[PDB]
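Only one chain is shown below, in structure tokens, and it's the form deposited without the named molecule.
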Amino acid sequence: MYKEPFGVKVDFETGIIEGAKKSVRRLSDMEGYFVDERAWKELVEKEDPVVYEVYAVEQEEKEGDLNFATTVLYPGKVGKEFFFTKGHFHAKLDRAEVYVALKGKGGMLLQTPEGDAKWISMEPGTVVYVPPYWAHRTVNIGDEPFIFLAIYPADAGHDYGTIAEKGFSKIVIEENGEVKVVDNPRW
């Protein structure tokens, strides 16, 4: 039986998708992700801010099918490091992804299985091509929510563990009022 085509309204200003399933990620949800563990623990104890919310419209995991989701990445810092999504490689490593930036100031940090990293700045209208094999994490580098839409293969899946254990080979921090992409000491 064929699946039904549908249209859903995406609000470019809030990232809310009609009919999507919501995911809420708080700072407490990201232990071991930020370099400055003291600032993390302190921020989690004081207020445990929401780091990002995701609104996903996903299909069964099937070759050739497509999922899509917006993310609203909140502004903030853990010590010097800007708020980011957990990041992942795809379970089917060779699956690509396309991101479309809708609101705010941010960027994407990507790395290969071997650790070689890339940084792609994102502003409203920027479309980012995430090639096969690249792990990817988005970072909010501004003062307002950073909102984007992502379209990804239905069978791409997720390898979060690799990133949770070793993180990214680079980190994105604020140094002298400037955004800088630098080596991860933890790496």
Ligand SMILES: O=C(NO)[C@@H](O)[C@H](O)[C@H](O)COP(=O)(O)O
Given for the second form:
2 protein chains.
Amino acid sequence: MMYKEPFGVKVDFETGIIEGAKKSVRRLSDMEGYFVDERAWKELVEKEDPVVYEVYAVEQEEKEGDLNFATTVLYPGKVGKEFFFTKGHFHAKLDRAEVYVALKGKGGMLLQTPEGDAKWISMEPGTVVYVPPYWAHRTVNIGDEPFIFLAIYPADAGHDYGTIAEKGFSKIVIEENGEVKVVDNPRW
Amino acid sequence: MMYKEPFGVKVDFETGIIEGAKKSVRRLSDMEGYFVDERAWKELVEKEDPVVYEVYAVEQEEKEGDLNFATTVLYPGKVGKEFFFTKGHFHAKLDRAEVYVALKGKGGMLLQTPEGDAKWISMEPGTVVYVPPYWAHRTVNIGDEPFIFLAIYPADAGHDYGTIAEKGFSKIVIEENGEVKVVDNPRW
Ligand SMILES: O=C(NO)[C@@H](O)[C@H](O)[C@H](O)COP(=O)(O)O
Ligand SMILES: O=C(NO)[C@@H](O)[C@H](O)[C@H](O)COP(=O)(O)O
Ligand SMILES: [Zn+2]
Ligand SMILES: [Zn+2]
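Now that we've seen the form deposited without the named molecule, could you pull up the form deposited with the named molecule bound?
All chains and molecules follow, beginning with the one already shown.
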């Protein structure tokens, strides 16, 4: 039988750039219906339309046992009080776990179950996050520099964005009274 | 609707230590039949018996789609001309892939197919190695300081050490004339 070729790729923990990877870019305009403050979103899109995050994904065929890996560069910023975040998703195969290795910056992960059980995990360089089966996950940049991390996930996990896209997470991550706060989403 | 708890753990990139992890120690005396120079192995065991490597593992139950992670501290040394290495294994579920992230030191990975064809991947801090389905894998420390890396692998992958314990890899990594060389294993 044919065996796939092993490879190494150098990843600058300062940039998150992977050569040979599929690069995807999310601007604020790619994120309509995601942030609580809709008027703040609209204004920011018209003034700047900032890049919220970039992903460098090295992806295999959707086979059991195989592994994908991707870095994310999550840029600093706010939409009103709400910190820049990733869209967030469940996996297409719900019971697929994931491992995150925080590389640069200050951020965290919001995770929630299909029942809306909600978890916040602080992330700083060296933080490894176990994302268990069934937990949807969004990363958040709570600092003023790029938040960079590596994600390793089953090649057959898939990305399920729909239910998060309409309903969001049960918690939001805001700056209020000079504090980073994880509070109940009002639109939830 | 029981779900497992998400968590974050600090991995120290300088030392490899994961506080709370399952720590494993492998001494040279636990590696009979692994190095070409058996007399050199015997002597180094009788006089010192160094730790060759340590593993800090965060493991889940053996379920499909779940993920384990572990750091290895592979200490610097030689047995005769042959650099210290990990025992090396195939996965019990052969088609399970793996992703390594090099954190500190100077090393590399020896990989081989069930047919004994071998590959070498140099690893320096920042190197991410994709270990494809079906490839056995051994890491080697080619420098004078600890070689430290993080591995992420399917939780149902398992470890099979059998044929490697008997026959090793078809290639060896040695120092010869002040130079690191990947050469054919004379035993093969
Ligand atoms: O969790 C991952 N992979 O499965 C990550 O690689 C995410 O896919 C990545 O950070 C981008 O975020 P969204 O996919 O939520 O837009
Ligand atoms: O590949 C891994 N996990 O599957 C690694 O975590 C290895 O198990 C670890 O580096 C120790 O090497 P041996 O298992 O060959 O002694
Ligand atoms: Zn995911
Ligand atoms: Zn392995």
